Structure formats: C-alpha cells, structure tokens
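Next up: a single chain in structure tokens, the form solved without its partner chain.
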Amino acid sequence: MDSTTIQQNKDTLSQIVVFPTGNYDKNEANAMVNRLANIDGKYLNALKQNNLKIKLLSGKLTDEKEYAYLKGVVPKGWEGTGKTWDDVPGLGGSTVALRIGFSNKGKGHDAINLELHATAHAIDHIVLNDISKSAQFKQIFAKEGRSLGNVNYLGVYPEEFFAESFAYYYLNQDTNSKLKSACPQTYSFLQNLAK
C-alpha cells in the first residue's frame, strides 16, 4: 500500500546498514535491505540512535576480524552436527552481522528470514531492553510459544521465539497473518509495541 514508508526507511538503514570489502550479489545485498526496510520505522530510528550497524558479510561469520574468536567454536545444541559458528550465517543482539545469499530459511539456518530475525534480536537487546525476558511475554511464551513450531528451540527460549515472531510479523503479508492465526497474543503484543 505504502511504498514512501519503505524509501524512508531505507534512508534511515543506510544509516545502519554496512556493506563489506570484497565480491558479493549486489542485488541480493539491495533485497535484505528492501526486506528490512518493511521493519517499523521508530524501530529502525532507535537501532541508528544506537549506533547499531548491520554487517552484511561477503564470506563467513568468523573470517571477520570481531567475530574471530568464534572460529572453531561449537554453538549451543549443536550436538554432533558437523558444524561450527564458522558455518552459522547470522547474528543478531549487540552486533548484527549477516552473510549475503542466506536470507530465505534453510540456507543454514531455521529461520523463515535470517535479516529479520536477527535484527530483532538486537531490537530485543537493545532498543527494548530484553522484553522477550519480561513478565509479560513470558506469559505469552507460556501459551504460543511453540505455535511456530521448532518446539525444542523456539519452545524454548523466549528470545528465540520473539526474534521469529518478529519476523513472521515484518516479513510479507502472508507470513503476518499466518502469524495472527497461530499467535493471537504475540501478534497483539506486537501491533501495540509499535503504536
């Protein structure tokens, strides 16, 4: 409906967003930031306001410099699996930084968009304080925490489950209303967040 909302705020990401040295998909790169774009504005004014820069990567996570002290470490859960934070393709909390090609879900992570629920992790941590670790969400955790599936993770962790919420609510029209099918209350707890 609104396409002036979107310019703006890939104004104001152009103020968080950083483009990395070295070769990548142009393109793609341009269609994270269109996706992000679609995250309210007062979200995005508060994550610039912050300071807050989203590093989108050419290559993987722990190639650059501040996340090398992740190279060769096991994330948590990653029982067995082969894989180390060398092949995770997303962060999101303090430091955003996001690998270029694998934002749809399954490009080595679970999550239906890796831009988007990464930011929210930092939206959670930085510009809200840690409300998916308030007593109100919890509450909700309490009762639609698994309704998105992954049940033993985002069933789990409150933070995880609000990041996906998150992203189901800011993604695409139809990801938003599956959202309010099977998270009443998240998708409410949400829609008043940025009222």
Contents of the next structure:
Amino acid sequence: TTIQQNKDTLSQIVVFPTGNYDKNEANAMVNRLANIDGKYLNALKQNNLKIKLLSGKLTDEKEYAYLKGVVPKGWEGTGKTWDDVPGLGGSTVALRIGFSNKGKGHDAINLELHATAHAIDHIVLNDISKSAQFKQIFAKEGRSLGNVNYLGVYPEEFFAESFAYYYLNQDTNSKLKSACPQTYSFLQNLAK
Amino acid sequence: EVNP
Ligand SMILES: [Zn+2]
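Starting from the form solved without its partner chain shown above, please give the structure in the form deposited with its partner chain bound.
Below, the chain from earlier opens the complete complex, with every other chain and molecule after it.
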C-alpha cells in the first residue's frame, strides 16, 4: 500500500532519541507523517532531511542551543522563547514527543505535520510560501484558519498550517476545502 | 532556517 511505502520512506528520515522515550507515541507521530504525499517524503529523504523526535526541550540539543533565550518569529509578547517551543521546521525538523496535539504549547492542528510542512516549503519547494502566487492566496484566505495575528501575518505559517490541515485527516482536509478553497486547490495542484 |  501507499501508506506502507510512506512508512518505509519515513524509516530513512525519522530519528529517535537516545535514552528513554515514549515509543508508542513516537510510532503514532510516524503514522501521522505517513499521510503526507509520498512525493514530498521522497524529496525530503533525497535531501537527507531528518525528522528528529526528542524527549526533552529543543534547546537542550547541541544544534539548537544557540536558540536559548531567542524569541521566535511571531511569538513576540508571549513571555516565551525557543526554550518553550515544542516543534521546529525549516532547514531541519525537531519535535517533542507527546506535544503533537493542538494546544500542547502550540496552536498547530498537528505539531509534526506543521513542522514538516516548513521543511517541505523550504527544502523541497524552494520557499514557495513566499512566492507571488501564494502571497496572493494568503492575502485572501490567510485569516480563515484561525490565529489571525500569526497565520494571517506570516505566509510561511499559513502555508505550514494549511498543509497540516490538508494531510492530517479527512476532517481537517474537509475543513480546509471549505474555509480556504484557493489554498486547497493550490495544495492539490502541488501534489499532482 | 527555523520556524515555530
Ligand atoms: Zn510554523
């Protein structure tokens, strides 16, 4: 099946932490990632992108220590810094196990799909969220998925969140089609 | 490149 192929591709992308961690929840995260179109997963694998699952804070990892005390883009005024943030995506992907669900220190519909969408945007699609075409869609639809001072202000955030709605499950896919029809069509066409 |  296509889901099994996607799990095989993810086996060459996902990295588990050293030490004790919740293996069942790490498996559940992989299973949710396996719903992403295989073409994107294959491209991530070819670029040697790793999806790092973590059992502690992101900034406790040596490669993210430099973000200690840094206020993420869009998180101004929250009293929080990267120390508090459970997921990161872009040139790399790093994710705290257990923090997938919306509301666990973040507002994404799913942590791992949202972070991985940033990596797909940046690595696979050469920052398409900042293209004129997507900016035009974002101008119209970017306040229709909640969190207007974040998703509605940063097109790369609206891209990542939309991508997560499209791929998490049938209900979020349906909600995106209703709320953001142009974004939905854009994502459908990208995966063709 | 990094994004929350
Ligand atoms: Zn984001």
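Each form is matched to the other, and the largest set of C-alpha atoms that superpose within 1.5 Å is called the rigid core. Numbering follows the first chain given and starts at 1.
Relative to the superposed core, residue 83 undergoes a Cα shift of 2 Å or more between the two forms. Remark: with the core as the superposition reference, the CA shift of residue 72 between the two forms reaches 2 Å or more.
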